[PDB]
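To begin, one chain is listed below as structure tokens, in the form deposited in one PDB entry.
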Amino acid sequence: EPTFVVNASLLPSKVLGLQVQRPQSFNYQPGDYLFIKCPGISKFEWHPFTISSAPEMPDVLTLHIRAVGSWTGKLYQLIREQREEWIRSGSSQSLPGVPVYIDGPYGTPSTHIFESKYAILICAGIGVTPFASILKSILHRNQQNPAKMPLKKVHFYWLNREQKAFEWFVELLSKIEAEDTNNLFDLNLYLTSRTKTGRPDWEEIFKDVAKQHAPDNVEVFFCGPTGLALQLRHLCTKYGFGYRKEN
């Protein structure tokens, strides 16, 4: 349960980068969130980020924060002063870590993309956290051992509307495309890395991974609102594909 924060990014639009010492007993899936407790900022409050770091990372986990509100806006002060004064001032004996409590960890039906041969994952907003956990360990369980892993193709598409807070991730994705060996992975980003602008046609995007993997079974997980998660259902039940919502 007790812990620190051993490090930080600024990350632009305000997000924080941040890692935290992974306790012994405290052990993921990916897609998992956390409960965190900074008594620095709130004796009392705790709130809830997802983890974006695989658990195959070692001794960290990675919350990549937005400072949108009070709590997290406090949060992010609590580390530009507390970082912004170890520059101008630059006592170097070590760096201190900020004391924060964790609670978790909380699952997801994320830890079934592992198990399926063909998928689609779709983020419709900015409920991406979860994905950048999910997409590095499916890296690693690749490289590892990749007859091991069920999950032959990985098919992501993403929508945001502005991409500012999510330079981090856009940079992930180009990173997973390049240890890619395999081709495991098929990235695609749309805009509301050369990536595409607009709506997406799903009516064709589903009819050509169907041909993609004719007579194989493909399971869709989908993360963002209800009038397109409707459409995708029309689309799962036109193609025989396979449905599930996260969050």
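Positions refer to the first chain, counted from 1. Note that the rigid core is defined as the largest set of C-alphas that superpose within 1.5 Å between two forms. What changes on going to the form deposited in another entry:
Core-superposed comparison between the two forms: among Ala132, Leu121, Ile102, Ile138, the single residue whose C-alpha moves by 2 Å or more is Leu121. With a cut-off of 2 Å and the rigid core superposed, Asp180 has a Cα displacement that reaches or exceeds the cut-off between the two forms. Once the cores line up, the CA of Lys164 ends up 2 angstroms or more apart between the two forms. Relative to the superposed rigid core, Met57 undergoes a CA displacement smaller than 2 Å between the two forms.
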The other form holds:
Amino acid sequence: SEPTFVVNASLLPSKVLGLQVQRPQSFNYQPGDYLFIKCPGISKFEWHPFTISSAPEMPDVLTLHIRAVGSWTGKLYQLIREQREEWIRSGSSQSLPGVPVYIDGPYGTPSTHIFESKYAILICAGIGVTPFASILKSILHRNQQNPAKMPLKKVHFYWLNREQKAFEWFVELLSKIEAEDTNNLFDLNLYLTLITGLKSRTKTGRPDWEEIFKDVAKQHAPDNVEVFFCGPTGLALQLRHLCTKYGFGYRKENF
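Return the structure block for the form deposited in another entry; the form deposited in one PDB entry was the one displayed.
Nothing else is written out below except the one chain.
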């Protein structure tokens, strides 16, 4: 527990909160880490886990991207909306109040092992992108400072969304990767289930995972490929079968 503050927030399509949280002097994390958060204004007692969508190289704030999907996220959305509307109407004398919260973390995920892999597939659906958002930014910081120091040779990125407007959560970051990725570390793939106004053609329908895995296996054999997944369990079963078929690294993270 650290008592800290939501100092700012963005209201992004598909009811998502781009929260900025004052980072305590002590709080070190790695990309892929999550924390538990308590907002006394919503519940004195409930803790909910959220991925840190920021990279730890950002120095005074952490970011969380939280989608309104039920009771507690709905209430935090409504609280942040209303506080922000009240400021449009008044919002003058002092600066933005700041919502008090408690944070517990960081907690680790096997996704952090990407930095020690040669070849990685990152697959995410909807807000499932957030740990991969942290990791992509961190790769950009680590490259402008130490391209030799890193053994990650290729990153295959697959991000699925039911709703086109959801790509806006991280379209800037994806733009910057298209800009700065002269050495083609990344292969970005956006599926609606260019169109992002990116140099990446937004694809449509369920990806052909069999065909993608076959291709990635031909590119990297006989070396090890690590699959990292953040999304629904029905997809996980399919990905797990394919990981066995082509000899890829899988972590069971879906039950």
